[PDB]
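Below is one structure, written out as structure tokens, with a few remarks after it.
All protein chains but one are shown at their positions in the complex.
Chain naming follows the written order as A and B, and within any one chain the residues start at number 1.
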Amino acid sequence: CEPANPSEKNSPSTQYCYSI
Amino acid sequence: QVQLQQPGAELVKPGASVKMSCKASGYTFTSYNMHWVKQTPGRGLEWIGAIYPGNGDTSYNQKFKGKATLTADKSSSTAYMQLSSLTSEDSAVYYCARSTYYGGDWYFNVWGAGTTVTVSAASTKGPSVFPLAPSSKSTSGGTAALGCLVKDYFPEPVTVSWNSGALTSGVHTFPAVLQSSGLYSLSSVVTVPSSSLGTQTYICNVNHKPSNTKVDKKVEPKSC
Partner (left out) sequence: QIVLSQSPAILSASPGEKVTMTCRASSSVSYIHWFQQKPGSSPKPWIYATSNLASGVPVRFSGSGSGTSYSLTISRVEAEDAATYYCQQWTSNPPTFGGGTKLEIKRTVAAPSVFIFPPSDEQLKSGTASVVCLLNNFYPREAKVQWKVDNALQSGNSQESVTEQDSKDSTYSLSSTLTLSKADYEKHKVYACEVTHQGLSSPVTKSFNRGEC
């Protein structure tokens, strides 16, 4: 779930990703 | 001109730390992710980490998590990577690269020229520069060969040009060689038309920044 590009950290998809 | 500017080289003592710069221009520095890549002949291109200048947010490769620290300055639009307690394994080329377009997928479409790091305890030594004179030979020739032996210096690199950069065609500056003495040696040659050896003056300019040495040598033709 952790993005290589830091500008992703607060994206809809990363947040959804953490909602395993 | 979207561009990323990095210093050419840095000499670090084993144990010390070094902070590398990577200035950006031609685009807004805070809307793109800056990435750093390591390169060695043996372990290839390795991704170190990235930072988003508009946030300060950072992402690391586990491998360089305790070795690198990434920072960004908004006002000067510069990205930084600090390498701590360097060892021989840290000697390599380091690139900074901007990424863009998450769409299809990311893209390293703007890279820096790369800063070459050498970690060594050895002291800096200036180059001795000798002329490689073009004899008249038994061969009449249409083209003669001119050279400059830049030897016994440390550490890399040494910049060599001809006539203040005016002569570029026909130049071959050879890869440095570490001599048994632990110092580097190098040669720079140029072919030129034979008849110009008496009209033109050929000067080789050696620059060895890491020792603040600049030498201009005249290579004098020999009547043989």
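We adopt the following convention: contacts are C-beta pairs under 8 Å (C-beta built on N, C-alpha and C of every residue); 3 or more make two chains touch, one makes a residue touch a chain.
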**Study point:** Option touching the unshown chain, where B:67, B:125, B:151 or B:208 are the choices
**Key:** B:151
Revision key, fill the gap. By the document's definition of touch, the residue of B:128, B:163 or B:211 touching the omitted chain is B:128
Check your understanding: In the whole complex, what residues of chain A lie against the chain that is missing from view?
Key -> 2-4
Practice item. State which residues belonging to chain B touch the missing partner chain. Key: 37, 44-47, 59, 61-63, 95, 104-109, 111-114, 128, 130-137, 139, 143-145, 147, 149, 151, 172-175, 177, 179, 185, 187, 189, 191, 222-224
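Here is the rule we use: only the chains that are shown with their structure count from here on.
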Revision key, fill the gap. Per the touch rule, the chain A residues reaching chain B in their complex are 2-9
**Study point:** For the chain B and chain A complex, residues of the former touching the latter
**Key:** 32-33, 47, 50-52, 54-55, 57-59, 99, 102, 106
